[PDB]
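Participant: All chains should be modelled from the sequences, with the hints used to inform the complete structure.
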Amino acid sequence: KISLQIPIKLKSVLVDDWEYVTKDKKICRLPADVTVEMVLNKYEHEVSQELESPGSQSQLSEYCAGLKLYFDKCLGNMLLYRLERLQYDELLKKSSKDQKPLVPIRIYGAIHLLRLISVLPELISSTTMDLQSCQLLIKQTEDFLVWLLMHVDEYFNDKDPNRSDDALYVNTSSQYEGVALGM
Amino acid sequence: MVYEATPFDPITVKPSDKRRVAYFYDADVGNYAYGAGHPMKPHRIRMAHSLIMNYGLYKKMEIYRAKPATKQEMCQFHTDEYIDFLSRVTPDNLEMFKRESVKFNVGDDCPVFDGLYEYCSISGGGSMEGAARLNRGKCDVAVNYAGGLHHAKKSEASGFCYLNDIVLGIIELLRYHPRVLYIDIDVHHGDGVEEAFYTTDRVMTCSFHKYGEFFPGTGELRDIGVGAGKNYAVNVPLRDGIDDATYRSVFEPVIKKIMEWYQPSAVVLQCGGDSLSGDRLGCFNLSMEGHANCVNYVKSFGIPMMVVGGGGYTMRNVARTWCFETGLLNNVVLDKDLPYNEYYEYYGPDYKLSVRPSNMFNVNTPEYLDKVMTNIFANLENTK
Amino acid sequence: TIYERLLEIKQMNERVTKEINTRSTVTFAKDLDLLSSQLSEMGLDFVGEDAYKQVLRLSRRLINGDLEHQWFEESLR
Amino acid sequence: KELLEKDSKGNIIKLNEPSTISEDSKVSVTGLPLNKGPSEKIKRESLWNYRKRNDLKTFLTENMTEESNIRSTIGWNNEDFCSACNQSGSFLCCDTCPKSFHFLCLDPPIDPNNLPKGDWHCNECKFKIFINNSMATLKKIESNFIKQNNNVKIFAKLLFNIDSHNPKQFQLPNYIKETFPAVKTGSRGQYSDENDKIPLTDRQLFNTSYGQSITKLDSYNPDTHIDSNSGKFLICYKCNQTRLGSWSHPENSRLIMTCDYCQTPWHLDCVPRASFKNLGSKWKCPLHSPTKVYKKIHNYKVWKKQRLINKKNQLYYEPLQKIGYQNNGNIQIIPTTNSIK
Amino acid sequence: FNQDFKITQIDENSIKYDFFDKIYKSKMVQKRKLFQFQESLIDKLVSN
Amino acid sequence: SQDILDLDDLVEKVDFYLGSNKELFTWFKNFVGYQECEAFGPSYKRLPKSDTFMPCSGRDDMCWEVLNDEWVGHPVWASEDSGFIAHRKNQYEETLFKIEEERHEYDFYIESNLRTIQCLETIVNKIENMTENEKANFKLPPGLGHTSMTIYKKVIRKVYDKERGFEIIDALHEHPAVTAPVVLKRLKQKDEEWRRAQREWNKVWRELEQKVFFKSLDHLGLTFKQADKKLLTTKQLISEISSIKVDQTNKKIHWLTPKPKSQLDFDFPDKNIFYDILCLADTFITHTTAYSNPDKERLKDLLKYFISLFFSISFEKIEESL
Amino acid sequence: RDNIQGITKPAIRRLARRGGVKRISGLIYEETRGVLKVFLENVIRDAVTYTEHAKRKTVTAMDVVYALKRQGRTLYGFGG
Amino acid sequence: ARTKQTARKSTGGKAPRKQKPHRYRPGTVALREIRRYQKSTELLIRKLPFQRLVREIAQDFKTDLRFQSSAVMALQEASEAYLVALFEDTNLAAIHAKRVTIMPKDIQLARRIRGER
Ligand SMILES: [Zn+2]
Ligand SMILES: [Zn+2]
Ligand SMILES: [Zn+2]
Ligand SMILES: [Zn+2]
Ligand SMILES: [Zn+2]
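Protein chains in written order, with the authors' numbering: chain A, 219 to 401; chain B, 1 to 384; chain C, 1153 to 1229; chain D, 82 to 133, 164 to 188, 259 to 479, 488 to 526, 545 to 548; chain E, 533 to 580; chain F, 693 to 728, 748 to 1033; chain G, 23 to 102; chain H, 1 to 19, 37 to 134.
Among these hints, one or two may not hold up.
In the BS3-like style, the derived pairs of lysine-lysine whose C-alpha atoms are separated by at most 25 Å in a straight line are [what the hints assert, rightly or not]:
hint	chain 1	residue 1	chain 2	residue 2
1	D	321	D	309
2	D	490	A	227
3	B	336	F	869
4	D	117	F	869
5	D	107	D	124
6	B	60	D	321
7	B	352	F	869
8	E	559	D	490
9	A	241	D	124
Partial selection, computed: residues in chain D whose CB lies under 8 Å from chain E [claimed, not checked]:
hint	residue
10	404
11	405
12	407
13	498
14	502
15	505
16	508
17	509
18	516
19	519
20	520
21	522
22	523
23	546
Rather than coming from a laboratory, the hints here were simulated on the basis of the structure. Even for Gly, the Cβ is constructed at its ideal location relative to N, Cα and C.
Facilitator: Right under this line is the structure:
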């Protein structure tokens, strides 16, 4: 049994994301004005100077790089709803048009990183990982989560797509709805 | 203190309002059929037209066969991919277009029949040529029952409508007229036409529709347009079973206030026959007099108008009301004794022109319509 | 309740009587016998009589049991 | 079957008619072919009793019709459900595996016209063939992948195991959903909460009598102004009346509905509404405080009320400051306990 | 962090005091700013 | 009070709260200091600028100016992913729709075949009046020179076989000299046989329409008997007068200090209707068998006496009028 | 058709219970319904054949026990 | 690549369109109700379902066939009589193979030896 202490503010952010995608039929603005790398880099550059332990610095950089690699390899697998898979398809075709492989680090926003964090304990329980690595990875994820509360007003804002173009979510079209949830 | 309960006055023409009437009919429109079990029938167009010829109404008007629209005239409102899909899809190669079937909402509730592109071309050409004849002054009233597809949108087919010909006609009217008023007396909301002209003040889209859990769901009173088109989309929500007097006392003040406030230069009138009593999908209780009183009242303003017939899923009633409405535009009232046509067997048992209303509850209370018309009149104060 | 139901009939009795009496059938239906043959053999139409008095007679017959419910309703409708 | 009997020089002579009887007797909407008329079995209940001029003016139109091309634009201007999202649709079927996936649900998503030519295996199946083809066991490849990816050690076991996992639609875990008791999960996995009606079964919509409809507009129904569990009259809030009608003047009866949250009865005319809100979201009367509002900055600012939290993780706290305490708008009213007056 | 979604337990009298306080604040700040703009416009017309 | 709700929405909420209290909601309306946009509506949402950029080749500058491409609406969005409620129709209305459906089927097929016969007979009378030396290379364009390109294809694909219809269409396009007269003859035979079947069906359709139509147009009358059984009872008649009294007492404390001394008002402008109801009651007394003859005659003079005593009618007038 | 599943699982248990049966497999019910229908079409084929012999267009309890008589079984109290 | 269609819908959103309590042991109640259905005399198939059975199953032999009310009751009784005899034979062929539970294969042998397969 592996547990994660996600704050209820970020839990409500994830539940609002679920609301917007499944009920309100909203997808994310891609690429966001603030991506996932951009959050895993600013968190590293903020908590890197918070302590003067070089082994802890190595562990923090290790966690950030592993989270980035995990995000890229797992976003196409299990990190986005059925509605957003069409947007994923068009992003992949647009990346193949200009002959650059699609990397989810520079494209997807911090809400998908929060999704990866929320689904992370089930992935931890599904691999032959020893207790020490599980405990330290859970601890590092918890520290990143409590870092996210201090910057929850600048990564997860609340904006109506009908009023602001700078909202994190966008309204979808009927053609997108038909192709996404009709075939 | 806005709604007034007034009994339905008899329909009287204005002899000082003689209009040159142009009729657009392509003999082929009727030879197209949506499906085997489908309610929408283009065959209602030619039994309506057979009532025009057998009433001797062709001697007071000019009958035209509009040139069918090509691909990129349809793209004046719709996207290239939607018109390209519409012009290429057949019931044979339906499996070759499965992504586009759910993308453009074609295949269920808007089936693929093999004369789809030709039917849409006839409808769009009729609407655009009626608008063009109105622009050049060749006619004062343009009648085109081949169209009326008011539910079709930019990249989708909804509500048995594929090509939004009304938007094409209003587009052709806007090249010569600054303000065009669209009136929809179809029981369904004109969602395609209102959505097309939602953000513009050049087109005022007025829809008199049933608003419940009914198709298309759009048409709340608070829908008044956004941007520069604010207060330029009037929605009149109605309940079931509205009769002729109630519909007249709702329609005439709203359209009158729009006339003396918006002051349009051209009028497009959607004459949906599904507003009639006894319709397969409609839920109103309008007789043919009640349906045609809207056309006669909008004729009194003298504005160059385009009468375009829309819904109507019982063929006999919509044909009779279209024949009566067309006769009303020639300043005559057709006698309630049908002449012999080739489709005379439809109009039993009395074989008369009249469409009899049902005895069902007019649940549109005067207080509700008073509040509706009060908010509508308040929103219309900013349209001067 | 009975008096209101009958008063609705009697207050419109003259116009429905004038409508039924001045019922000019169309010619091609008479030549090609397309009209309803019955409702006249059993005397259910209201032609030649006052409409409200015929309603009273039909309702008396319905009460007496010599008239079916469906035919009474069809005649009234 | 030799339709055109050409000559020795290729000239046409005479063609033979194909099989008309192949589809001369197709069943039409009447239940009988267009070749034949109605049968006696349906003629018995259709006809009233069953025993055992050409002055048309409709042919003159073609002549009286003048073409029209005067527009300004003339000329030119295996399972039955997806293994990823658990929903029905068109699937790509795994060959050596009984799982089926949507065309958009895979990684990368497969175009429905550019399909794989020969065989298609799923990610789990492909990993199975990769394991069976390689002589070394699974833990040997896992250790080799850990040792080769020496840059990241802790996520290496996470990176290795998801190549074998088939792609699935993301679903929120239970512990994110159990902290909000109002939030439910729909049949398709969609969002659902307290502002959502219980879906009406088809027994209520289409299996009802003619006069009685869920819309409550086709008949006079006075058993809606009367409370079921009290027997009193549902007094509308705005007009302070119940217009029950009299069944001799049913047009005097005003329709009344109750709020789906506080059960406050409202007339259909006092709040401007034409529908009864039978299905979809729960209808909210105007008296309830909003959970989402927009205010003008003079951009804008939005405020959303906090979601309900279960009692084990929800803390209700009482302010010490009575006046001017900036609460987030998320408050609770306590009872008030002569000097204060 | 359960302290972020803490529900404030407020009473009716405190809501009454807060509503009265804030309406009096809003009414007199708009009244005093109107008075200040009137005085400034009077001074501008006197100086011109 | 938290600087969250705007004054306009606060005034709207209090209006919904204290609307009927005109004096109070005015105290507040002003105690507060309210002096009398962006109303999007519930059924439209705004697309981003990425979804707007879709090629419409026929659009000029005016079309791009007056047409809305950012705000859209859908029936699925307005339904809240639930659905729509169709209007309930009688079984007589449903069978009327079935009669119309069969009528449309027959007429659509017959008129399409007749249009194809007209086109084919134009081709035939063109090809008859020319010799055979150029009749071999005479071809026909798609559409057979008609304004449709598919109607004759539909007629051929229906009348002939499914697989053979395409090759008959190609043989008509390539070699119309042999294929046109046989196709025209087969189409004319199918036309006359379909028309005879349509007349025989028209008899049946007309008789069912005569049987069905007036019941179909009757909505409240089709369910009036059960409704009258349910609603003309003691409980509903008590409920009507009690609801009117409850309304009067509820609105008495607000205004209308001269509270009315009545709830129901009945108008009796015609007096012959009393004699008509008395005749109907007498007919029921004469017809019925569950009541004894003394009970019958006591019922008779009870009804006559109550009508003569309640109203201004005399017993002599009742006797001379019945 | 729809009424062949109308012969319900408790009813089949009730027949089995009247028949003294304690435990019943789950696959009893549908093929027992099949055995019931083969018996029904046999008996009613004989009964209806007796019915159109009589120039009749209704079958009678008399014709039923008559078909049963042919089939071999007799029923009492239903005529005959 | 094998593909299949399951939505069976050319377009989506079809709906939005215009067209402490005692527990007896497993086995205990059964003998109490063997006796209930044995001392009782009612007919164990519901009349409306069985009536509808006889109507739906007789229609294919002859069109518009009416049944006397007593005729279907003779069928009801005859069928229950037929099945209780077959189920006694079932219980006998089941107790043959050192068993209490029956299985269809019991009753296909019971019908085969009686000579109707
Ligand atoms: Zn419509
Ligand atoms: Zn597989
Ligand atoms: Zn899927
Ligand atoms: Zn009210
Ligand atoms: Zn409420």
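Participant: Does each hint fit the structure? Answer for all of them.
Facilitator: The hints, checked one at a time:
{"no.": "1", "hint": "321(D) to 309(D)", "result": "15 Å, holds"}
{"no.": "2", "hint": "490(D) to 227(A)", "result": "19 Å, holds"}
{"no.": "3", "hint": "336(B) to 869(F)", "result": "39 Å, violated"}
{"no.": "4", "hint": "117(D) to 869(F)", "result": "16 Å, holds"}
{"no.": "5", "hint": "107(D) to 124(D)", "result": "20 Å, holds"}
{"no.": "6", "hint": "60(B) to 321(D)", "result": "93 Å, violated"}
{"no.": "7", "hint": "352(B) to 869(F)", "result": "35 Å, violated"}
{"no.": "8", "hint": "559(E) to 490(D)", "result": "22 Å, holds"}
{"no.": "9", "hint": "241(A) to 124(D)", "result": "53 Å, violated"}
{"no.": "10", "hint": "404", "result": "38 Å, violated"}
{"no.": "11", "hint": "405", "result": "34 Å, violated"}
{"no.": "12", "hint": "407", "result": "33 Å, violated"}
{"no.": "13", "hint": "498", "result": "6 Å, holds"}
{"no.": "14", "hint": "502", "result": "5 Å, holds"}
{"no.": "15", "hint": "505", "result": "5 Å, holds"}
{"no.": "16", "hint": "508", "result": "6 Å, holds"}
{"no.": "17", "hint": "509", "result": "11 Å, violated"}
{"no.": "18", "hint": "516", "result": "4 Å, holds"}
{"no.": "19", "hint": "519", "result": "6 Å, holds"}
{"no.": "20", "hint": "520", "result": "4 Å, holds"}
{"no.": "21", "hint": "522", "result": "7 Å, holds"}
{"no.": "22", "hint": "523", "result": "5 Å, holds"}
{"no.": "23", "hint": "546", "result": "12 Å, violated"}
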